[PDB]
Every structure is written in structure tokens, then in C-alpha cells.
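Peer 1: For reference, the chains in residue letters:
Protein chains: 2
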Amino acid sequence: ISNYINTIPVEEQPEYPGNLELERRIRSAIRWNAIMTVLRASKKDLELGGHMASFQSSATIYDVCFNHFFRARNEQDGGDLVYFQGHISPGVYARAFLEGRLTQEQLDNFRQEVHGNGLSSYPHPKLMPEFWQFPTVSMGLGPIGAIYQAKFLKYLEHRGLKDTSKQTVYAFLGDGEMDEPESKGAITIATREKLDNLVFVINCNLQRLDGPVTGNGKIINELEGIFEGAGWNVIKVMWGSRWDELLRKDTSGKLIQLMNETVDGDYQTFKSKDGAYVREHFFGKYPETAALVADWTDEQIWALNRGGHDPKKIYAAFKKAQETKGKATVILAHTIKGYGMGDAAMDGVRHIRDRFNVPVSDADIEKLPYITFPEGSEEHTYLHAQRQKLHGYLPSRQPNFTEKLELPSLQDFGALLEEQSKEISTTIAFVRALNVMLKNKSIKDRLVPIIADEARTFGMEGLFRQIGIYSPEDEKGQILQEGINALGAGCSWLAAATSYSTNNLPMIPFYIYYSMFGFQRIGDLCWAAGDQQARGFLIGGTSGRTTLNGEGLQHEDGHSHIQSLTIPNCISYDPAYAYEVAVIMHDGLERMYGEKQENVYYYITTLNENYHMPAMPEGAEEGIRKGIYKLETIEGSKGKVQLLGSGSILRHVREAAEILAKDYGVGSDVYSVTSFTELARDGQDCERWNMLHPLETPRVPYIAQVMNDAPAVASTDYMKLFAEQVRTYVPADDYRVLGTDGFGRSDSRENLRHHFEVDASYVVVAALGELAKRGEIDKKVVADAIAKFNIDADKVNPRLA
Amino acid sequence: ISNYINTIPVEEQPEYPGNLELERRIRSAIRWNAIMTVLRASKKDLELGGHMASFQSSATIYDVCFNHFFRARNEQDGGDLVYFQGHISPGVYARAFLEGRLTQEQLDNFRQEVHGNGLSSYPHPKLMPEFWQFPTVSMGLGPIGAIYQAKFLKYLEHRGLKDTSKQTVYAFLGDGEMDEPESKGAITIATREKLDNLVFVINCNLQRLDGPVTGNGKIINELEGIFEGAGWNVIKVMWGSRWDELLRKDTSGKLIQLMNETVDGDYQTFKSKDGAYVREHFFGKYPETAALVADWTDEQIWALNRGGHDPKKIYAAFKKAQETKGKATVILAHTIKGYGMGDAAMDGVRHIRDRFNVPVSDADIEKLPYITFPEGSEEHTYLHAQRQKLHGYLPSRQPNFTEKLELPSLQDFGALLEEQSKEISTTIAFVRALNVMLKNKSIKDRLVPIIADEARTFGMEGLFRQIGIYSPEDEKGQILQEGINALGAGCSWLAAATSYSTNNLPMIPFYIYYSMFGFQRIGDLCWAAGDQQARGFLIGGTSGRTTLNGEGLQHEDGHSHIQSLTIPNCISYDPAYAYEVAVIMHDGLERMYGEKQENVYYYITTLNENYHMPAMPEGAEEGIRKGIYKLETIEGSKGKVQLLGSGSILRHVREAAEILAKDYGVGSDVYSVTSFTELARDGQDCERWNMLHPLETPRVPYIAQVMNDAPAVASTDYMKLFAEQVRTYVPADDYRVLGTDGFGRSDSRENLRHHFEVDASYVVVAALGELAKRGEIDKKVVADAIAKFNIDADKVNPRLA
Ligand SMILES: [Mg+2]
Ligand SMILES: [Mg+2]
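Heads up: the sequence lines are chains A and B, in that order. Taking UniProt numbering, I'd label the letters of the first sequence as residues 57 to 401, 415 to 541, 559 to 887. Taking UniProt numbering, I'd label the letters of the second sequence as residues 57 to 401, 415 to 541, 559 to 887.
Some hints could be false.
Copies of the same chain look alike in the list, so a pair counts if it works inside one copy or between any two.
[Said to hold, decoys possible] In the DSBU-like style, the derived pairs of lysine-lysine whose C-alpha atoms are separated by at most 35 Å in a straight line are:
1) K381 - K508
2) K491 - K341
3) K182 - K881
4) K513 - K329
5) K99 - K491
6) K250 - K383
7) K682 - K881
8) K726 - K859
9) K716 - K881
10) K510 - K865
11) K748 - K436
12) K458 - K305
13) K305 - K250
14) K562 - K327
15) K724 - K310
16) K341 - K383
17) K376 - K682
18) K473 - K375
19) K218 - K510
20) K874 - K100
21) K368 - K726
22) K712 - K859
23) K562 - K341
24) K436 - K218
25) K375 - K458
26) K682 - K341
27) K436 - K491
28) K383 - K310
29) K436 - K100
30) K510 - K329
No lab work stands behind these hints, which were simulated from the structure alone.
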């Protein structure tokens, strides 16, 4: 922690390259338009919202960047990757409007997007696919996301995939936002990986939303202390140019001392008062400091500004950041929240019009007019020339990659479709599917296997010797090993999964980790990944409540599919067999990276239990992709039921199928359900369509087409709702669902499958129960199956155990 | 960073107080029993799992703490709160066995707990309610949980509720675990809050599971850098006692330079080699370092050890932490993973029994016997005497608090049960319910309102003036303001919600924040909270997809209830009216903190939308608690339907009820569904019981005791599955569900409710469609309805928008 003054002393400050007065004229129009946009929205009284104070305190920081640093997407690379602070969006839209990229009608539809021609509240690529790039409003995700994006750019260069050397990643943060654990939690990574293509810009207005960050301390000092401690290059932009004569004059070092001893709350107090209150409470703390302004008019005291509002001080910090090599740089920019808004942060509008010398007449002010710069005007010429010199405009986004990939065919996954000699797991199947892909010429180097420490647990160890581990085990290593860091791996996955848009270079990430630590731990990143149109694979290993038996409560996943189904563009599967994994993976590949270029990402849960893997039945492909297909039909003269299973539990549903046939004469149709979620969504779409087209013939849900009306029983390694979600679309009067509701615990797979009530004997008892409620068999036979299977009818509900 | 040697020189090291020789003997028995427990489980070949290498590396650190530092729960306070590293639990179980607290049968049932007399793999209070206290195996959570627990103890003391000055919070962490962003993401708070009652003990063995944490770097230096930068007191325990003479005679300073420049990878390489190797590749790097050991045998060089295995250096560190005030302390304990296990890292166990001089006959090593110390023996006496001096044994847990609280009655919330004057929201209702609680003499000071910065956004600003904000706005402040830190607020909430157990001081926390950032963002903590038996309230404000209209994609919550339902002991509600909010909060208060002491926590979604709040229907109380009650029946002779709604959408369903009756002569039964989830669970419990008792009187789901068989339509502000989950138990053959599936976006409430197809118009069309399919009205009526309401039958499905 250094003195509370600029890191870059004036003697080392480069000459500012732009026309200050002209840039200020342009900036004032941007400030004006951003405010008009939000005010016009308010006028509608539709509780739309929108911020103004924030952008006002940081506009000059962004302005210097737009005039002198931000490289736009170009023929060589995707340009600088800017994670704009979400709340300043009205400012971004204002500039875009000025550069003629957005129309007045769009600004007038700020926060009204349903009818089509509006603008999102915040950066949401999903909502504005050709404009926004990085979802940042969920505080904390932007900084860690940016760190891993920068690391990913380095990876692409080291792999020889693309020269990203001219690209800088900028993460614009708030000082209040830094309290989010994800904000500073991963900063040492930028040091380990020498990310000199990453710049953190923290707007230190000493305020958050409902107050200051730390009123009793000095948030800027805390930030410097930990970033410096983390090995980062720290640049403090504390004071404007007016303090420079004062400082090279305070021979006593008393001013420095005064600046160092004053705390955040007070500096904020000074903000509100005036020159008088300042010359007396601040400069009047000592005679050596009271003497520096003792002969300064008050109004001149009040003109002393913070560095974050001074273009010259800002330019030097970014220029310095740009030159630094070997480590990341963090710029702590000192600003005034609600700067120049007086009163608050038509009299109010009048005040800002005057404050920024905005070209709006008294006659026009009540219309809340937007300002434009005609072709030919000095402002219009300069605005565009600065951007042209920096390759164009940003933000902007390309929704589809341009090259055509030559994807492996399903037949290339041929060995996985036939009966397996050895007993293997769906996880071993996954790894083998990866190997097929690694032999494909077109995509083999585009694949990004991602792991979080654990490789051996998922049988990934063999890949290590074939493609290596990225480690700038060398800079050509292909596998990304992120250590014990679920969020970080997820961020690497997101960067790779969105490379197709960002750098027009499709990369196909496969992130495998404990399914329990997927959506449950990084769910907010998964939702943002959907917003960012991520196209990749999330592989939930060691999944299923009863299957990762020995681990217990915090590891046994009986609900990740309940969490994954809440993401509109995430496609989820829970396969039982190796051939299903093959078919599913081929399809996602095709959908996401084939000509269709569908904006979805896949979630497949895999298992750590080995068992016999049979051959795929001929013609089952489409059923597998759709979510359900009939495996077999077993004869039986005394009854008929339908049995559904998925994942590790399918094997047990089939055992029940034989027990029913063998001991009770009950026949059945056995179906493998590769995705209850995809079937429920299909069912919902059909009922929605039927409701909206009452004069048409009702469409039939696919599951209803595959199944019949005989009483049905379903069992899975997940909570009941996973299978219950398709109830409305199941064409049978009786649909019983078995599931693993309840906290997991340690034991043998057999004991857990009995405790959660999902094993063969419970499937049998459930099936017989339905046939008895129908009369096909007497209740006494279900009561004896119960005694026979040593089933404890009165043990507590597993959900409560 | 400092030099790569012990922070505490020998000359400042206190004399060790215990019987080393004796302690060693006891420690060796614990190591043996720990390994025996895991090996015996392996022998069963049930894939049980379990670790050994980790406890072996950190056993001595824990041993010094069990013999000289850890205070157990006592009459005055809960004792020291130790967050044991999860995978070293076999060693804790071994120590408990030796203390006579666990039986041999229990150890023999390690990881086999379903039948009652076994042990959980890791610390899980839920599974072993009288033993474990803090669930730590989901890495990263323990560190941040510990920080907020330490801060909460301070709170309790500052608030004058309990003197916790004698308690220390210890968080035992792995070095690999520090990569989780949650691990260091909040360490700055420890300095802000001066948590000198907190100690982080980082086991620096230099490796994660799959290799070194940073082979090419020095994690201990990285760790020291960021913690030092964050203001913590850092104590490194680098080298054992045999290095003291070596360091003392090296006047050249070369040994220190050598230690400083050597990276983690090389240090790990030395541990796998031998003395000769070390002489040449380490000491042999320099003439002066070579000379320091020239006079040593290879075997004597081989005996050089890491500090974390030397009790004297360990003690030195912990004692020093105890005397440090004004900030938290972190001890970086340098160890060897797989310590004393040899190469391995039946009989190959005979190697560790020679290594630690275990008294087991090489002839009986085959039976893998446990070692115990008979009463009367030196070992037994010393073991218990050290613990008695420190108040007993740990870990242990008390499942219920002892005092009786005088809870407010429902009548006390009487004002909230009447018709409200002004239109308010359920969030304003929540705040008024809180106010009633703050008037109760018994619990007024036990309440812990927790906010994450956002106060004005939830109408909490009025409580400030009243009970103040905690800030040691002073140290008597009751409200916890945690800033923009959802995980941190969650940790504070967790500490308070479990105070009834750890301190026998029940505290009742109410953590309100944006519902979107609840389970989605801190879901792993919520799962852990369930495991820790938290009793409190999570209030999801600004909830509902369409209700927080302007905010858009990353704020519009239409699914937190899907996430919350996956947690077994979390009770979820989505009330529409203020009186429902009061009845629910009263019930929860009584269930969790009244005589019942139910181990459950509550999740209530509240709204930011004002509307008319009618009086509670007489006798509706229980129905509100159960999840559904009939609001009213509207007459009509052309047809009859059932209409269900919750949250902000219920008033639109009632609007539809009016329309159906007046425009189409269709009458209806209208139901307020306060909890679809509780209804589904009750339904699941009923069919489960019925399936297991086929000859007995079937049980009837609560929802079927309220609804009839007329066709039904349900609409909510959450995805369809929220209402669809009760399909199986709904006693009507037609149950249509409208919901907000799909990504949110910015617009007016009206436009969003129309886009997500859940407004009054769609409920009407859905109801008519059901009647038309029954031939009760003409299909053309439904078609004319769609036209009249300006419904676009062909707009894309909102899930895909
Ligand atoms: Mg800020
Ligand atoms: Mg380690």
C-alpha cells in the first residue's frame, strides 16, 4: 500500500493524444442522450427502471477508451473483449445511437423488448445477438469470467489456433461489486498465468447502492493491498491535474499525509459541502496544508477533482496497462458517484443541460430531445475517425461462425454402438466418444477437454499422454486442468464454448466434473452461459444419488437434472448405455457445430458404475435423441405394464421386468428414457399449440406416441419429479414414479437403492400395486411381494430420513 | 512475502508443554486406527471409498490442537468451532474411538450408515446429529463459512447476547482447496471486521489430488502474498527442528537463497528420492550449502523434515495465533502428503506399523486390528486429562436448544390478517410481519435481519432508524448489512440459523435479497445449510418472472422454486396476499423455534408489485399452511372450471374468473395455492404410503381434499413444472398449466404477462378450450376468444424466445 496519490506522477505522464475540448463536446452529448433515454422510459410510468448515476461517474473512463484504446472486431481478431459494467448500458446505447448504430425509435423502446424493436436493460446477447457480447449484471461473474477469457486467448495463441496477441480483455467493475467472493477469489490466477492481456478497471466512487463500500476504511487501499499481494500491477488514478502544482509544492509532505489519513466517509462528506467547508475541514487540518490554499479562491478549491474524471490521468493508466508485460493490471479509478447531477445525484434537466453545456435550447428541453451530430460537423468527423482508426465499432457480435466443419459421422462412433465385451460405464463411453472426435481431422484440435483437478476419477488419465496438459505438460498441451475450482473451469468452458462468436473460431469444450458441483455450485454461470449462447458440453460425472455410493450427502446427486431443466437452452440427457452416449454426443455436435448452428449447450450425466453394455437396437437413433424408445417387450399372460428407466437405474427396471414375467405372469413394455426433460418440453409444446389452435386436430406428444395405455412405473437415480414431469403426457391412467428424494448418505449401491426405494423389488411392488387397483390380481399378492422382498413398509420416507 | 523459513525463530519459540514421547505414542495409535478403518472398508469391495494420505500429512497439526488448544462445548459457550477438513474424518473417528466415544462396530461400519450404527464418510450433522457440526467437504465453503461464523460470534458479543470472547473459530483447509474462488474471495472481511477470533490453518503439502498445486511456482509464497496483502497475520511453519542448526551456522545466507529459489515441483521430487539425491540436487547447488551438510550422513540428511510434522513448531504457531489481536491469523503448515506411508503414498501396512512403531505383531497385522489403551495406562490417562483440561470432547453437537421462547401468537399479526387500506406488496407485508416480531419481548433481540446492500429495494430502510445496522450504525446495530455479497450474506444467515445448536442460543435470521440470486447463485451453501440443520428464513424478494419487469434476463426469476424444491428440509411458499405472508411466517416461527423444534428452514418468495390485499377468509389459516384453500366460487350455468393461482399471478386468475362468468356464463372455483411444492410432497407421501400398505385405507392427498373434478387451469409466475408437479394428485381429468418458461426480458408487466402467456386472457382461453373439448361449448367460442384478446396463436414458444 502506497501513498494515496496517483501511481503515475505527472513527470511520467505521456502527452494526451486527443482534442480534449472536442472529445468533451461529444461526451456531453452521450451523457445527455443516456439520461434522456432513462427519463423518457420513466415518463411511461411502467416501472421500467434504468440507471443514470453510475454511467455519469464513469463516462470519461469509457470515453478515453473509445477514443484511444478499444479495438473493434476485425479481419485478424475479435478485437478487445469488453465486459462493460451492466448498469452503464444507457451510456453504451447513447454512444451507439450517436455513431448512428441505433435509431431513435430503439432508444425510445429502452427496456421494452417484447414487440421486437427495443433495447435490453443490460448486456444480454440472447436478447440482442448482434450487439452485446458478455453478460455482466450478475455482479462478480464478469471479473472471473474475464480472467478465464484472457487465459483462453493465451491458450488459443499457444495452441497455434489463432494469433490473439493484439487482443486485450477489459473488465469494468464497481468497487461495491468487489465484495462478491468471485470478484477477487480468482485473481492469483492472472498472476500464475501471466495474463498481460487482462485489465481490471474498478470504478471507485467509494459508493455501492445503499451506501459506501466501507465508510470507516479506505476501500481503495484494501483493493490495492490485495491485488498487489496477488502479484498484480496496480495503477491508482486518484486526483485530477489541478492537484499537480499543489503536490510539487507541499514540501512538508503534510498534504500527502493528510490525503493518507482521511477516510472514505469523510471524502464523501467533502463531496457535498463546498470550497469553504473544504479549505477549513480538509486543507485546514494543518498549517502547511492550509497554507497551500490559504491564498486560493474558494471556488478554485471546489474545482479540485478526482483522477477518474480527468482524461489525462485516465489515458496514462490505460497506456501504462497496455505496455505492461508479465502480469495483469488493475486500474483503481477514483470518481464521483452521480457526478454533475447536483440536486438528485424540468429544473433538474435544466441543471444538467447547463452543467455539461449541452446543445439543447430552452425551447426544446421539455421534449427531452436526443442530440445528433450531422455529417460534416467537427464532432461527427472526430467521433468516427477515432473509431475507424480502431477498426470500427463495439460492442457488436457475430452470431454464427463462418467456416464449415467436417464433423464425424455417427458411423465413426461405430464401436460404441455395438455390444461391449468388457463391462464399462457411460463415463468410459464418453471418454471413448472423445477419442473418436480426436481422430477427426476437422475438429481434433478444436476440442477443449476441461477438468477440475480430478482426472483419474473420471478415467481421463489416458488422454493426458495423447494430447497433453496445457501448461505455459507444456504450452501446446490441449487439456485444460483448472485444479479444485468449479467456477473457474466453468469460466474456461464458457470462453471456449463462445469462441465461435467471439473470435469466429469454433472450439468444442467438454467439461467433466462431479455432477453435484455443477448447476448447484455454478448455476448462476450456467444461466449466464445460456444468455451468452454457449455451445458446448457439460458432463456431470459420478452422477445419480445411489451410484456414487460411498461419498454421501454433499456428493450424491439426485437432482442436477431438476436444476438443469430450468435453463431454456440447455439440452439434458441421463443415458443408461454406451450407444446412447454415442448417439447423443453425435447429435449435439451436429446441432451446435454443424450447419444448423443451434444455440444450445448439452448436459449429459455419466456414471462410475460398470455393467454390461448391449448393442443399440436398429432404428433407435431418433428415439434416443428424442428422449425415449421401447427396448423390449416381455410376454406374460396374467397382466401387462410399462416400465420406464433411465441412467444406472434402467438396469434394475429391466430386472423387475423379468421378475414380473417369471414370478407373476405379468408382461411388459420396457422403455429406456434418455431424457425425461426433453420429453416434458415436447409435451408442453404440444399442449401449448393445441390450446392456441382449438379448431385443429390435437397434436400428440412424442412420449404418448411411443407409449401405450397399460399401467406404467418409472424409476431413476433422481428425485421423483424428474420422471413425474411427463405425467400429463403419459397416455396411461396409472403412472407410478419411484425416485431418490432425500439426502444421500454413505453405503453400498445395493443398500442405497433399497433405502431410496428405487431398486428392482420396489419397481415390482409398484407394478403389482397398479394391477391390483385395477383388479387383475388380488391385493394379497402385492402384500406378499412386500414380505417376500423383505421390504420395510413402515420405514421413514427417504425424503425425511 | 518473507523468506522461505519459519516465521518464528527458535529463540522466540515457547517451551513445549506436553509429553512429546507420550503424545507420539497416542498419535501413532490414532494413525493406525484411521488407516485400519479405511482398509477394512476397502476389503468389503463395495466401492465405499475413504482417504488416508491426507490425514497422515496433517495428523500432528490436529494432535497438537487436541492436546493443547481445542476447547470443547461447555457450560459457558459452544467451545472452539472447528471446521475439520472433510476428508480427514477417518482420523477424527479414530481419535473418538480411542476416547471411547465410538465403538469398534461403528468403525467397522465406516461409510455404511443406512442401517443405523455406522459413520458418515464426511462431516454431516444431518446424518450424525450429535457428532459433526460443520459440513466442509464441498471445498471452498468451509473458509467463507468460518469467516462469517467468526464475525457472527463477535456480533453476539457486541449485541450483548452472549459472551463468546473465549471461542476461537478454526478452519482447516487444503492448499489445493484455496483455488476455489470462495476460499480467498472474502478474506478481506476478516480484516475489516478485525476477526482475531479466527484462525485459518492451511495444510501446505503442495499438492491437490492430481499432482502439485503449482509445480512451477511456490503456493506458500502465493498464499502468504495475498493474505499479507489482505491484512492478515501470516505464520509459516516451514521447517522442522533438525534445520535449526543448519540455518544457524550458515553465515553466507546461501541456504535461505536456495530455499527461496527452489520451486514446489523440486521439493516434491526430493521427497520421493533419498538422502544422496538431496545432497546432490539441493545442498549441492552451492559450495556453501554443500559444506553445511558435508559432515552429515545421507541418512541424517534424509531425516530433515517439514515443519508441520514437528509439534514444537506447530505449537509455536498456534500459541502465537492466540496472542494476535486486531486481525485474523493464517498458519501455512508445510507437510508431506502420504507422510510415512512410503512409496504407496495385508502386510504392506507393516511398513507404516514400523514407521510409527505401532505395537501390532507382524503376525496379527493380517487381522487389521484396532489399538486401544486400557484404563489405567499412561496413554489412556494422558489422552483424557488433556481433553478434560479443555472441557471435554469434540466434535460433538447438541440437536436442540434448551430455553423456551415465548413466541408471538397469530393474533399478534392480526393487523396483517385484515383488509389493507393502501395497495401494498407481499414484501411490504413481510416487513410489517417482521415489525410485529420486533415487538415481542422474547424474540425481539434474537432476530437477525440480513440484507445484501439492497435495502431501499425491499422497503427495509425503515427498520434502520429503528434497530440500527451492525457496525463495530454502531456495534449495537441489529441489522447485518453484508454489501454486494450473496454468498457472504448466506454465510451470515447460516451462522445465525444454527446458533440454536452451536451456542445453545437460538437466533432467527431473515435474509432478504433478489430471488434470482438465491439458490441459483448460492445453491451449494443452501444444500450445506440443510445438512447443517439450519432453522431460519430465506426471503426471495423481487420474485416472479413477469413481476420484476424492467430488469430483464438475469434478474427475472421464474424458477427459484424449482431449485428450492430439491432441498428436502427447505419449506417453500409463494403467497399472493399479505395475510398469507403473516400466517406462513407465524407457522415457520412456531415450527422451528417453538416446542417442536423442527429441523427445517423456510423459503418465501415476495413481490415488488402493489395491489389490493383482502382480509383473510375466516378459517383459512390451516389451508394456507398446507398449500391451498378455496378463495371463492363464482356462479355460472354454461360450464364449470377450477382456477388455481399463486404469487402475483393469482389476481390475474381471479380476473379471468370474472371474465369467464360474465362473458361466457362459465362459473368456477378459485384457489389460492400458497405452496405447490408442499402439496406435491404431501401427495408423494400419500401414494408412497398407499403403495406400501395395499390392504389398508388409502391416504388422500391434501390437494384432492380441496379440489373437485371439474376441468382445471393453473397459472403462476414460475415455469410450468411449478404447478405441473401436482398433476398426479389433481382429481380432475383435465389440468392445464400456464407458466413463465423461457428467458426473461425487459418490458411492462402487462407485456411480459402476455408474452409468457400467463395473464387473464390465456387463463380464459385455456379454460374455454377444456370445456370445448368436452362439448360443453363450441370450439368457435374458444377461437373467437383468442381473436378478441389479441392472442397471437402462432408466436414462437416463450421457452424458445
Ligand atoms: Mg462503484
Ligand atoms: Mg494439498
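Peer 1: None of the hints should be skipped; say for each whether it holds.
Peer 2: Hint check results:
1. Proximity of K381 and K508 under a CA criterion of 35 Å is satisfied in neither setting, with 37 Å inside one chain copy and 61 Å between copies.
2. In this assembly of identical chains, the alpha carbons of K491 and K341 never lie at most 35 Å apart, being 82 Å within a copy and 51 Å across copies at closest.
3. In the homo-oligomer, the alpha carbons of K182 and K881 lie at most 35 Å apart only across protomers (17 Å), although the nearest pairing inside one protomer, at 48 Å, exceeds that limit.
4. In this assembly of identical chains, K513 and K329 lie within 35 Å of each other by CA distance neither inside one copy nor across copies; the values are 64 Å within and 38 Å between.
5. For the homomeric pair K99 and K491, the shortest alpha-carbon distance between copies (23 Å) is at most 35 Å, but the shortest distance inside one copy (70 Å) is not.
6. For the homomeric pair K250 and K383, the shortest alpha-carbon distances inside one copy (4 Å) and between copies (31 Å) are both at most 35 Å.
7. In this homomeric assembly, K682 and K881 come within 35 Å of each other (Cα to Cα) only across copies, at 21 Å, whereas the closest approach inside a single copy is 52 Å.
8. In this assembly of identical chains, the alpha carbons of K726 and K859 lie at most 35 Å apart whether taken from the same copy (13 Å) or from different copies (29 Å).
9. Taking the closest pair of Cα atoms, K716 and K881 come within 35 Å of each other both inside a single copy (34 Å) and across two copies (34 Å).
10. For the identical chains of this complex, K510 and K865 are neighbours neither inside a copy (62 Å) nor across copies (57 Å), given an alpha-carbon limit of 35 Å.
11. When the C-alpha separation of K748 and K436 is checked against a cutoff of 35 Å, the pair qualifies neither within a copy, at 83 Å, nor between copies, at 43 Å.
12. When the C-alpha separation of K458 and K305 is checked against a cutoff of 35 Å, the pair qualifies neither within a copy, at 40 Å, nor between copies, at 64 Å.
13. Within a single copy, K305 and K250 get their C-alpha atoms no closer than 39 Å, and across copies no closer than 37 Å, so neither meets the 35 Å cut-off.
14. In this assembly of identical chains, the alpha carbons of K562 and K327 lie at most 35 Å apart only when taken from different copies (29 Å versus 53 Å within one copy).
15. Proximity of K724 to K310 under the C-alpha cut-off of 35 Å is found in neither arrangement, the shortest distances being 98 Å within a copy and 88 Å between copies.
16. Taking identical chains as interchangeable, the C-alpha atoms of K341 and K383 lie at most 35 Å apart only when they sit on different chains, with a minimum of 29 Å there against 39 Å within one chain.
17. With identical chains, the CA atoms of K376 and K682 are never at most 35 Å apart, being 44 Å at best within one copy and 64 Å at best between copies.
18. In this assembly of identical chains, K473 and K375 lie within 35 Å of each other by CA distance neither inside one copy nor across copies; the values are 39 Å within and 65 Å between.
19. Taking the closest pair of Cα atoms, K218 and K510 come within 35 Å of each other only inside a single copy of the chain (17 Å); across copies the shortest separation is 68 Å, beyond that limit.
20. Proximity of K874 and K100 under a CA criterion of 35 Å is satisfied inter-copy only: 26 Å between copies versus 70 Å inside one chain copy.
21. Within a single copy, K368 and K726 get their C-alpha atoms no closer than 82 Å, and across copies no closer than 73 Å, so neither meets the 35 Å cut-off.
22. Taking the closest pair of Cα atoms, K712 and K859 come within 35 Å of each other both inside a single copy (32 Å) and across two copies (28 Å).
23. In this homomeric assembly, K562 and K341 come within 35 Å of each other (Cα to Cα) only across copies, at 31 Å, whereas the closest approach inside a single copy is 60 Å.
24. In this assembly of identical chains, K436 and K218 lie within 35 Å of each other by CA distance neither inside one copy nor across copies; the values are 50 Å within and 61 Å between.
25. In this homomeric assembly, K375 and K458 come within 35 Å of each other (Cα to Cα) only inside a single copy, at 16 Å, whereas the closest approach across copies is 62 Å.
26. Proximity of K682 to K341 under the C-alpha cut-off of 35 Å is found in neither arrangement, the shortest distances being 69 Å within a copy and 61 Å between copies.
27. Proximity of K436 and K491 under a CA criterion of 35 Å is satisfied inter-copy only: 34 Å between copies versus 77 Å inside one chain copy.
28. Both within a single protomer and between protomers do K383 and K310 lie at most 35 Å apart by alpha-carbon distance, with minima of 34 Å and 29 Å respectively.
29. Taking CA atoms no more than 35 Å apart as the test, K436 paired with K100 passes inside one copy only; the shortest distance there is 14 Å, against 81 Å between copies.
30. For a Cα distance limit of 35 Å, the shortest separation of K510 from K329 qualifies neither inside one copy, at 68 Å, nor across copies, at 43 Å.
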